[PDB]
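Q: Given next are the chains, with one letter for each unit.
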Amino acid sequence: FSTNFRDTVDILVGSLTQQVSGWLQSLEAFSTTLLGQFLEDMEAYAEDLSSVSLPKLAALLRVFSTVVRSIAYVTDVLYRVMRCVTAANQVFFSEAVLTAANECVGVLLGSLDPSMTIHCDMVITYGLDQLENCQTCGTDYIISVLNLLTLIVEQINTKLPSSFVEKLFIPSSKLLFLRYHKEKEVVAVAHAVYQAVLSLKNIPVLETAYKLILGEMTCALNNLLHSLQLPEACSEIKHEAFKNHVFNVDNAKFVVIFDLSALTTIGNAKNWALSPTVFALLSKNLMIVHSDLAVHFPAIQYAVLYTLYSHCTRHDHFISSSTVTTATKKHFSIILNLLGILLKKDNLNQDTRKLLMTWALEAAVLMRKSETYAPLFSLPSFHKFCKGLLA
Amino acid sequence: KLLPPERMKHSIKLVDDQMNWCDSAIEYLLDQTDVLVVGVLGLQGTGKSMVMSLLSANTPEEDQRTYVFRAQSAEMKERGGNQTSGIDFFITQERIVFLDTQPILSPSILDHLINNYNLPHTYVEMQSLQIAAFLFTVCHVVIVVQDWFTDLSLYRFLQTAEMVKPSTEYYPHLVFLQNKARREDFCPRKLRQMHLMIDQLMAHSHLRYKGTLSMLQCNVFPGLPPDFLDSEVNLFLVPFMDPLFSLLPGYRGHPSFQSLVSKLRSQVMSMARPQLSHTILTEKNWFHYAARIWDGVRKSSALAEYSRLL
Amino acid sequence: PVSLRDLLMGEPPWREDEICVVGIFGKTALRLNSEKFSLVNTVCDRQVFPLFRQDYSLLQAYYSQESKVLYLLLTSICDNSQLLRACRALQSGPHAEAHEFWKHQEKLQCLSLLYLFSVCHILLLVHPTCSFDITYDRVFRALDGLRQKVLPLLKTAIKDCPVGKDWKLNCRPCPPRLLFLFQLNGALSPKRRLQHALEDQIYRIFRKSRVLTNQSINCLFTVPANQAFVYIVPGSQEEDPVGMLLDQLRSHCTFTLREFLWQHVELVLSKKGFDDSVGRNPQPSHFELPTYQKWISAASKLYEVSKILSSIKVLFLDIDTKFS
Ligand SMILES: Nc1ncnc2c1ncn2[C@@H]1O[C@H](COP(=O)(O)OP(=O)(O)OP(=O)(O)O)[C@@H](O)[C@H]1O
Ligand SMILES: [Mg+2]
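Protein chains in written order, with the entry's author numbering: chain A, 311 to 324, 334 to 347, 355 to 376, 392 to 412, 427 to 626, 632 to 682, 698 to 766; chain C, 170 to 285, 293 to 343, 361 to 435, 452 to 519; chain B, 4 to 13, 39 to 81, 133 to 172, 181 to 275, 295 to 360, 408 to 458, 476 to 485, 488 to 496.
Same shape as in the complex, but just chain A:
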């Protein structure tokens, strides 16, 4: 068996790679000394490069990733060596070698656990360099780069500097321009990146990202209002990074919907102490979408109501409360008042009306189940809710 793998490796080093890869992985000391040959080969090829050796490098990277996946101090050394050998070849600029190297680095980094202090400056600069020049790339290179970024963010938890996310959510960042791809896979990986960034336990590094997202949403909303011949609003969550910018109608709508969908990472959390609460942001800050934007752009209103309903249904509509308990001592009243005001309107859409009715029915059925919610029938919001239901 020691020499049997040599023939398979030689054959695979030449669409059939999946079969040999699976066979080798299912087939299974010697690997420790065997990886040295590949490492030396890559180093020698990189040194001699300074252009037909690219296919060989790609094949070697693929076989190396397959053998390592078939399966604690040399991991950092090997990772640094691979990163240096990959970054050295900065002349040919081949997409195959870059994709293979990205996959190899991702699996190597994922092999360990986020319980060490490995060198992060090299990985961060490598990811940023690859992202800064991945605009007009192939459909696979973009996905590989995004996956690598997600893995890097997840691996480095609470240790990522604020500058990492500060330059990642700015208009000049290419990440914001990668979500416009027509393929659903690109949008999915982009959303995954946003989810991973927003799923951090470090409040100081997450506050800047949250503020940047809110600023972008405010800029898009202001652009829509200006294009609809109406004054701007939501000046309490504006950002300096988006002081002067232009967003098209379709672009603004897409950006607002994407940000609202991305906010579900923190909105649907299972227990994040930020200044603008998600509930207050979707119930009081974004109150202009129901005045005039609900007629020309009902999608934004529907998305806001849907995310608010999804966030409230996971906490039993905040009935027990009516630290966390004291902070949410006035949520049911606000929900009832909002439902009553929205239902009493006469300029609602079919989808919006159906969603509001479903929410109202769920809240009502909920009201009488307890025998302890009797005092909740005297507050004025309940009267407004009943009036809306009757009207």
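None of these hints come from the bench; they were simulated from the model. Using N, Cα and C, we set each Cβ at its ideal position, and we do this for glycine too. Each hint can be trusted.
Stretch-level coverage of chain B by chain C, calculated; a stretch enters the list once three of its residues show a Cβ under 8 Å from a Cβ in chain C:
id : stretch
1  : 52 to 64
2  : 221 to 230
3  : 297 to 305
In silico DSS-like cross-links for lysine-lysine, where the CA-CA straight-line distance does not exceed 27 Å:
id : chain 1 : residue 1 : chain 2 : residue 2
4  : A       : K720      : C       : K472
5  : C       : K472      : A       : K729
6  : C       : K383      : A       : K720
7  : A       : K625      : A       : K744
8  : B       : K255      : B       : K454
9  : A       : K566      : A       : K556
10 : B       : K297      : C       : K246
11 : C       : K383      : A       : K608
12 : B       : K494      : C       : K341
13 : A       : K644      : A       : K598
14 : A       : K759      : A       : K719
15 : C       : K508      : B       : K494
16 : B       : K477      : B       : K246
17 : A       : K537      : B       : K297
18 : A       : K397      : B       : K147
19 : B       : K454      : B       : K252
Dock chains C and B with the ligands against chain A, hints included.
A: For chains C and B with the ligands alone, kept in the frame of chain A given last:
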């Protein structure tokens, strides 16, 4: 001693597929006056038969196999052929006449005529023009069904047909029906462009394509003010066939198919019925007038003039 | 992705490389994402055209080095993007002025189409519905004759070109191959049967109207005799990004076109050419594989083109005007 004459169960053939008159509808006609005539026009797969059936004596919850007007079957779509041939006839209990129509300039008829003028190509165009003129001179209203927006060739055809019509001029109302609409087409921004294009493309059509059948007042758009549109033409959109939080359905962005169908039917039935000729006509009189008009259109002179030009 | 006029004026990296010219044309409905842009992006597998970005005609050119293929997209009054602008301009700034305006627009579109029909290797026509308008049969019939009255003038301007011998005689590299692309549009393996029926109907209609003949020289275009030339794009969630985003939010809260084109591109890229003649006596068909500079040398001369306006004014609203 006042029971109705009879009830029609299925539509009949008013004109044979060979462009021949079929006098077989007098058995269901009376001597009453103030009759309404509705006609339809469109391409091959627009869905004129389904619309006519749903608007005359059918419901969306019913089945397509029992419709008053035969619809295209699944086995026919794969072959790329047409279903409706000639002109149909059907009258509801409210004494409302409905007239169907075969596709105009459809490749199915052309292919069927290949294995059967200078070339067998202008014949289809002339048949379409004949049907359009006939529907424009003996019908109270004509509904144009379009599969997609802005074909750019239907407007020219309509103008040419009205220019070669047989004959203080009478011009029936024109309705623009956009079948198989999507969410993107149910936005005010797109609606303004649609109305603007329709108005600019038919500035000198002489037809009554505005001032009636305004979907804006039919509660379709709750908060859309009437002044938001420079000129609201008669255009209607028909969409495609259609613990508690997890059961919420998908977001379509457009009203229900049944609601829009019912609204369209009500608006069509509540339309005006202006006089056709310079005298009052009854059901039997209208039938005879239509027969005479068709006979005159067949052996007309303008058609020959247009024929020698192709 | 630059304008054709802005490309001929201006190469060293690909001064001499065998390429294939592919023309794209047809109608397009009123939508945010046009069919041509999506087609180019899908074929090139990259975002060539980024999302959210007197006369009413335009010709765009794009080169692909990874595949060595040039694409020429055509936009005219047929597309809704240009029609909307034309209507908006006409709204602000008589029964006789509008007719002349539309006639001029149609003539310009016809001239552009004729230009594309003589400097392209493979061309494809798109449509928003499965059914194809028979009006095209007449358009082509009114286009072929037009080139017959312009061919002597075109060969005079490209006489001093390194294109070759057959190019100077036929004013074209080789008989272009036309492809048809339709969309499901909610209709309906049934796809194969529908495609075969559409191909048979198109072939019969074109043969009856004398548009397609046995000889592959006199005819302006031909179709394959044993391969597939009709593709139907199935429905997908790519269109209307708002709907896709909403679906993703809801989920979180709880052959092929490429192969269809390479099947024909591999023939021209291998210098084999095309051979479509079943008139009981086929004859060889001229074919050439020029380079970048070699193709531009003739494209610029053909695009720069006295008597063209006079010849184009003799050729549709002409019938309606005459009848009126
Ligand atoms: N709004 C719609 N939504 C979904 N399917 C539809 C719609 N309208 C029509 N269809 C279907 O598409 C096809 C359209 O053909 P249909 O029988 O309605 O008439 P048609 O296209 O006018 O026919 P003909 O070929 O005789 O002109 C049918 O199979 C019908 O069931
Ligand atoms: Mg029918």
